[PDB]
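In structure tokens, one chain follows: the form deposited in one PDB entry.
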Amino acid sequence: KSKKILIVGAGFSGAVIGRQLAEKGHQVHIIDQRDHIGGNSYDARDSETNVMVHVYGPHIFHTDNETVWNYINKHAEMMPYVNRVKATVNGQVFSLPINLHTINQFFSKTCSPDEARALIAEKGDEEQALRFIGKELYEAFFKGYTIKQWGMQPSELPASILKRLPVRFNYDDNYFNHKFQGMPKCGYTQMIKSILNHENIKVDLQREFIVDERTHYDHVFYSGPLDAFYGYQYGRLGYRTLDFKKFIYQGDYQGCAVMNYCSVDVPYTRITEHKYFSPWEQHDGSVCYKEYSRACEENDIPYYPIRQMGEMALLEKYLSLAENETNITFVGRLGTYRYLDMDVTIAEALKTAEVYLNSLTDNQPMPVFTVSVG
């Protein structure tokens, strides 16, 4: 028996689950409220300059999971790329993440790796900060950017989210540690378009999900936000949102893909020069984005989930409501209130599809979550 499957969202979670089940003969309907595919991975060529623009912010693919890598390489041509981020602060330019060049340049030293460790220990001694990393360093790259990014003081408990960056005592300046890293040649929209290209998948855009639909389907995969599915009945989960002031420059505006600004007294958080994500292409005109962080309010796009104490308690109420549902599975960053990379999203969507396909063969019930959230 082919099942009727509804999928809310056509980003990676939707697309990849949809393709896995379509391939096994199920009848898949995917909807999305936006006028185009790809969720926040979506990109498109600006018309004036023809630069592939990453519409919802710089998107770099990286993973240690060889299955996912192989999986995307069937849908795109991955071009080698390494993300090398720069930062402007105190009238100097630095490489990020904080590596031995940063340390030496910042303190005007010629330290070796070990000498650097000895230097940092003694400079160390908001709270993770002053013990490990010292006054002068704390204030320079971390205080100000935090404040601008999260929107609460650094005097409000860290010890998670800044630990997605690594802290090296070598001159490696690759933002990631992952084994695989690249940039699709024709962009993530075509890679997603290729994942959606199957006869058993029907896609409708500008189509909002409505609870009244549920009963026309055997199962629903929902990758929209968990609080909205329930009418926000216990309150709205906390999200930071982003504004992007776009502009055009005839030239190379900054000389790299991403320049961060660490001083608080600068309004934007970073500027991104989109053509630097396509080194294999040449462009005279340049599309650029100044990027501003705010509190998310009911009209904005939710970007990063805050996950401080309060939002966790509030999340737990929606989790326990979701636990009593029957033909639905919630997935993705928005469905589970988690900050997820593309590689982890794709990994979770393949697994979700496999558990479902397994549930039909073994005649068992499909879980509401396929990943840990509680």
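Residue numbers count along the first chain shown, from 1. Here, rigid core means the biggest group of C-alpha atoms that superpose within 1.5 Å across both forms. Only residues modelled in both forms are compared. First, how it differs from the form deposited in another entry.
- With the rigid core aligned between these two forms, the listed residues 166, 279, 151, 285 include just one Cα displaced by at least 2 Å, namely that of 166.
- Segment displaced between these two forms is 160-167 alone (run of at least 3 consecutive residues, each Cα moved 2 Å or more after rigid core superposition).
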Contents of the next structure:
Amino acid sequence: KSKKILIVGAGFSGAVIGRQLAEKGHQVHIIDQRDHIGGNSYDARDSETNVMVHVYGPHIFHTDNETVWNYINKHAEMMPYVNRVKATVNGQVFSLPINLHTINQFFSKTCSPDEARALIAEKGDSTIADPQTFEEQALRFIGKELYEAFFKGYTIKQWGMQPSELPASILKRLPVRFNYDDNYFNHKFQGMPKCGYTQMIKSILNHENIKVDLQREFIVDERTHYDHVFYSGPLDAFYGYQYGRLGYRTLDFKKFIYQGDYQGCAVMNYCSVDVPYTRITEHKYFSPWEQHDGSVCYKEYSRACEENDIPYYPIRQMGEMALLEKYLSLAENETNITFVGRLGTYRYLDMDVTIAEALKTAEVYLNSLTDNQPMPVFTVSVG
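For comparison with the form deposited in one PDB entry, provide the form deposited in another entry.
Lone chain follows.
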């Protein structure tokens, strides 16, 4: 039997869940409160320059998950693109993430890989048994100089907290590289959709069993008209923020246009705390197969997400997780709804991860129909 399915959000989570269910006979209704599909992966062209802008931040696809990679290759033409980030600090321009070139330039050396290991082991404090803070992780592995140049001010700008108050886990993600590889991501598959993500999501959304209504906020009354609801909007919002708002950072993107090449690369970080934006992005460099004389650029600023700002990065410290636990115990009591995605589960999720989880969620739901088991509220852990 064909089921009636409400899906709240037309970003990757809604779109991929909808597509998998559509293809199996169910009637899928996808709503989104914005006037366009795509969620935070949405891109659109700038009128004047015709530059394709990644509206809610640069979005670089990267994955080791070949199943996911083949899936999106069914919906776009993936162009090779290797993200290579630069940084300006101390009157110089460096390569990130920290590599043998960054090391040799910063200390004015011509170390080989093994000489650079010895120079960095010497700067690091191997007396720290198990770093508990971001700061201690930097002192342990990269040393004071590298830390204060590349990480301290930059991290303070992103998080609005001292690094001695942030977990080690943030920097554990980012080892020093003792060769000349300056690819930002190590994933086996990396690229950018030739006609953009909006178009990719449009192809995912393109089926006979899917109706998509925009400018349409979810209404708690609707649930009864459907067999199941998939919700990728904010968890706290669905509960009227009755216990408080989940803490996020937000970003302000300050637009400017330049005639020519403003910086010569897609991403420039500004490591100094005394430079108020975290970075400048030059969006035409995200589509190097195209040529554009005019250029759309953004200065990006980080700050605490207030009531009417878009939530970007979830903060997820003790207070935030105590608040989450309260919404979760409301959530565990529900029937015929599943909360999914970055907003629905209060997790930062890359595009490929979001896709893989959306495929699994559809599969769980389909399996639950044929086994006549109830569909759980979450198909992922958040304890």
